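Chemist: Letter by letter, the chains look like this.
Protein chains: 2
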Amino acid sequence: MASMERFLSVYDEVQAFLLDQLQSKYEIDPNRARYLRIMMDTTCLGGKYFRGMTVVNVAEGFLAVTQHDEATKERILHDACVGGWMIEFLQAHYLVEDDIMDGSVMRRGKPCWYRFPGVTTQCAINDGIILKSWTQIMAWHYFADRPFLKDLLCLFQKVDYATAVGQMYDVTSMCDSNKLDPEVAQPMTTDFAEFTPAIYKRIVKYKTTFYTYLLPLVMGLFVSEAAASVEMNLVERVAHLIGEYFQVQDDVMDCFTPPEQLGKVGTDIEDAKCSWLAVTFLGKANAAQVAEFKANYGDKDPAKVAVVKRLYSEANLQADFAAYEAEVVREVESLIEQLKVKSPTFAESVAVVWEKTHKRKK
Amino acid sequence: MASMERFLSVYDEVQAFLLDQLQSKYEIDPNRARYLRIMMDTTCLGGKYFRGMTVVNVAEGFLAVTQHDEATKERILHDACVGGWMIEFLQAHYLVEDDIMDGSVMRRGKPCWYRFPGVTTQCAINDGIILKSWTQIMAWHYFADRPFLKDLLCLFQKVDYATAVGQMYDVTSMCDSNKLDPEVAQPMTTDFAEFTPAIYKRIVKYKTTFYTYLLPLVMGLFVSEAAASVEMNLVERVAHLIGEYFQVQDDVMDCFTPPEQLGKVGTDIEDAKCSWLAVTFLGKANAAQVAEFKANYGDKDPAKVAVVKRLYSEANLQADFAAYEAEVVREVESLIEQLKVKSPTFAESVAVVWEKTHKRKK
Ligand SMILES: C=C(C)CCOP(=O)(O)OP(=O)(O)O
Ligand SMILES: C=C(C)CCOP(=O)(O)OP(=O)(O)O
Ligand SMILES: CCCNCC(P(=O)(O)O)P(=O)(O)O
Ligand SMILES: CCCNCC(P(=O)(O)O)P(=O)(O)O
Ligand SMILES: [Mg+2]
Ligand SMILES: [Mg+2]
Ligand SMILES: [Mg+2]
Ligand SMILES: [Mg+2]
Ligand SMILES: [Mg+2]
Ligand SMILES: [Mg+2]
Numbered sequence: 001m002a003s004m005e006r007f008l009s010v011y012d013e014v015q016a017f018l019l020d021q022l023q024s025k026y027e028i029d030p031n032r033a034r035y036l037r038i039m040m041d042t043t044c045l046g047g048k049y050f051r052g053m054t055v056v057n058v059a060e061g062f063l064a065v066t067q068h069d070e071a072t073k074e075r076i077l078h079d080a081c082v083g084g085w086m087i088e089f090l091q092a093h094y095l096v097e098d099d100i101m102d103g104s105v106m107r108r109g110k111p112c113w114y115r116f117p118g119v120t121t122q123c124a125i126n127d128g129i130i131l132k133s134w135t136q137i138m139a140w141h142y143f144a145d146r147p148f149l150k151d152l153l154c155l156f157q158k159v160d161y162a163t164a165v166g167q168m169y170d171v172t173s174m175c176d177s178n179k180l181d182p183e184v185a186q187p188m189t190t191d192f193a194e195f196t197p198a199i200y201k202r203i204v205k206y207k208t209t210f211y212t213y214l215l216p217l218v219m220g221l222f223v224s225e226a227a228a229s230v231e232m233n234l235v236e237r238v239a240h241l242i243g244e245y246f247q248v249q250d251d252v253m254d255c256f257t258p259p260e261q262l263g264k265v266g267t268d269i270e271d272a273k274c275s276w277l278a279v280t281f282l283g284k285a286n287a288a289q290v291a292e293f294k295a296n297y298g299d300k301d302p303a304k305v306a307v308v309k310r311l312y313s314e315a316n317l318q319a320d321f322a323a324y325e326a327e328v329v330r331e332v333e334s335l336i337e338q339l340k341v342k343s344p345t346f347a348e349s350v351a352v353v354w355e356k357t358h359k360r361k362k
Numbered sequence: 001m002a003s004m005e006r007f008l009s010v011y012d013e014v015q016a017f018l019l020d021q022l023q024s025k026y027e028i029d030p031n032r033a034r035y036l037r038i039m040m041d042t043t044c045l046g047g048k049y050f051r052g053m054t055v056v057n058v059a060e061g062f063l064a065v066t067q068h069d070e071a072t073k074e075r076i077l078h079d080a081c082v083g084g085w086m087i088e089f090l091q092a093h094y095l096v097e098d099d100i101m102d103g104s105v106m107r108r109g110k111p112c113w114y115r116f117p118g119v120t121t122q123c124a125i126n127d128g129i130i131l132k133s134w135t136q137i138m139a140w141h142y143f144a145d146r147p148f149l150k151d152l153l154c155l156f157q158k159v160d161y162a163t164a165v166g167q168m169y170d171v172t173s174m175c176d177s178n179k180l181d182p183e184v185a186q187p188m189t190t191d192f193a194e195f196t197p198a199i200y201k202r203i204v205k206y207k208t209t210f211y212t213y214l215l216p217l218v219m220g221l222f223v224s225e226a227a228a229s230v231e232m233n234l235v236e237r238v239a240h241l242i243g244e245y246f247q248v249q250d251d252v253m254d255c256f257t258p259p260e261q262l263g264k265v266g267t268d269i270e271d272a273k274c275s276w277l278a279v280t281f282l283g284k285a286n287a288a289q290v291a292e293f294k295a296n297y298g299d300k301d302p303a304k305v306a307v308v309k310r311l312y313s314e315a316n317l318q319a320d321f322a323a324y325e326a327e328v329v330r331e332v333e334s335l336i337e338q339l340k341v342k343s344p345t346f347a348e349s350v351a352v353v354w355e356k357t358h359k360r361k362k
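One line per chain: the protein sequences are A and B, in this order. Counting with the working numbering, you get residues 1 to 362 for the letters of the first sequence. Counting with the working numbering, you get residues 1 to 362 for the letters of the second sequence.
Not one of these hints is a red herring.
Since the list can't tell identical chains apart, any single copy or any two copies may satisfy a pair.
In silico BS3-like links for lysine-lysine, alpha-carbon gap of 30 Å or less:
{"no.": "1", "residue 1": "73", "residue 2": "150"}
{"no.": "2", "residue 1": "309", "residue 2": "179"}
{"no.": "3", "residue 1": "309", "residue 2": "48"}
{"no.": "4", "residue 1": "179", "residue 2": "110"}
{"no.": "5", "residue 1": "25", "residue 2": "342"}
{"no.": "6", "residue 1": "25", "residue 2": "201"}
{"no.": "7", "residue 1": "179", "residue 2": "25"}
{"no.": "8", "residue 1": "340", "residue 2": "25"}
{"no.": "9", "residue 1": "73", "residue 2": "48"}
Think of the hints as simulated: they come from the structure by calculation, not from any bench.
Turn these sequences into a full structure, and let the hints guide you.
Modeler: Spelled out as structure tokens, the structure:
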């Protein structure tokens, strides 16, 4: 509501500072400033801002149940917005490199940045790297003399690294561990032995949950100086859980949601990704169903994709997702309940985060 | 050399720390731990270690004239090495992405990281990103209670951003600035109107000088708690001057130093880089020489590349270089003299940095 407007207003402020500074300190010319402005806008906007708005929400929750002088209310909320944009830009960074890494065509209804007619792949790689650097400029500039600066940055470091590590689990999830070797070329897996719930869970824990859930939540606490007033173990546990469900949704939608609605084009089947559908399929498939899977998965051929998708339809995975959903709903409620004990209001924020995640169709 | 091996010993400490942390905190498996170990070795080792050793030298220079407890001596020298390695991992990061962006084949006598038989481009982009995250994991781990932690991290960020911006100038140095529009396909320059000394200076200042000279020198002062005893404006001026000269050498070597000596294969001509040779050549070429250049520059064909090299030879470009060097000598020497005023030992450290840079053959 008033929350979204404030968040969006801050972007313009952040962008102005960044681009103005490129002029006065970095000798940028008008056309390259425009290039980076459009880059920023394309890769940072048009998402649903779940991450960014979570830190705002968490911050709002503590303001509402307490009393603050108007000045201190604005500092915190502005800080929450800047923090949120740090996260949004960090995802921008990830999505840029990820689309290149996954050979994707579309993101958020437009071409992937690296596929923009005037954008070279080589430049896109560096653009992505600029996006992450931007998070650091904005933290030092806006949070210069904040008590939480050191904790915020340290946490940002840890989360970004966990995500880089997860991306390598993800991007190497179709290879055989025992044949993984920089010196020797290696084909994708034939046995699919490493398509297990445990291995799947580990990829997702790192590539997704830390920066999508833990960071927005804990960052919200940081700007409020309210970390102490929650059971951090619970925050961690609820972030990993909602985070995992989030990625399961993403994996399902990759296959089943029309691009016209999703805003992106699926590549999981073609890239031989250890997705939730593939693992769950191998969890229930008979001998003939497995054999057909192995002969068709991980190949660009549009016909072979249809054989996998057909197999996915026949195995009632759509319904296995419901049984997973139901299970997750129980666990989330359980953790929300446990969060109410020390912080009834943060638990409400987590409830909101959950409902948004639960109800999304992207 | 003894100090070299002492420096390398800290690399083993850092590696062992990173890798052990991946096992105990990141659920890494032995095989991926191996992969990342070899990635680290290939990307971080085999260079001259100029950047890393420079921070060791700076610190050694202050220790010789200052009063410290022996424990404090050991700490400063260990910090020096760790900081040196932060910088070497930062270059590792830049070199991995840069070799992808420039389409290069060889780095430090071996294939570029992305050209390793079992590496692939998509995980190489991420490996590169991992390298930079390591610099931050290092900083936070080894420097946690250090008074210079905030200054070091803040300088590191700015330097990193500077470089990223510089890579953006570099990678778009062959487009007409007016044609720079992400919406519209990007044809290479035909007039070469932007191959001017001032435009060349801008690229180099940002892509090279900050991370190659400024960062290690100031790093040496931070870990030493010796920043107050230098004129920082002098440090900046000398860093940018020696840094530019360093890059000039690199551009010359790209074309003239045989790959067996250089440890890398030149791509500047192929990529249509705004290199020193191109800028200098275009600044003295006659009408026919310009024409033939325009007809052959920026193409992969080895016969084309040969003509540009043939043209460069006839243009007597080693004579422009000797004239550039002779003046750089004057100016560097003048800055070293000025540094002696507040800091004779730092001045001497800059003379050593310069000496090594001046007669490097790769
Ligand atoms: C972490 C994942 C699964 C990438 C997609 O994130 P979103 O679908 O939340 O992307 P936007 O809201 O930013 O578009
Ligand atoms: C080539 C440039 C200008 C980047 C630095 O490379 P170096 O020449 O310092 O490479 P290593 O010593 O790290 O191999
Ligand atoms: C950590 C990077 C997040 N990646 C999410 C993507 P993926 O499913 O993990 O490749 P996408 O489905 O949005 O392209
Ligand atoms: C950060 C940019 C430094 N890269 C140096 C390279 P370039 O000449 O700038 O591409 P190389 O010649 O070592 O490949
Ligand atoms: Mg993807
Ligand atoms: Mg991906
Ligand atoms: Mg996906
Ligand atoms: Mg290069
Ligand atoms: Mg380059
Ligand atoms: Mg070069």
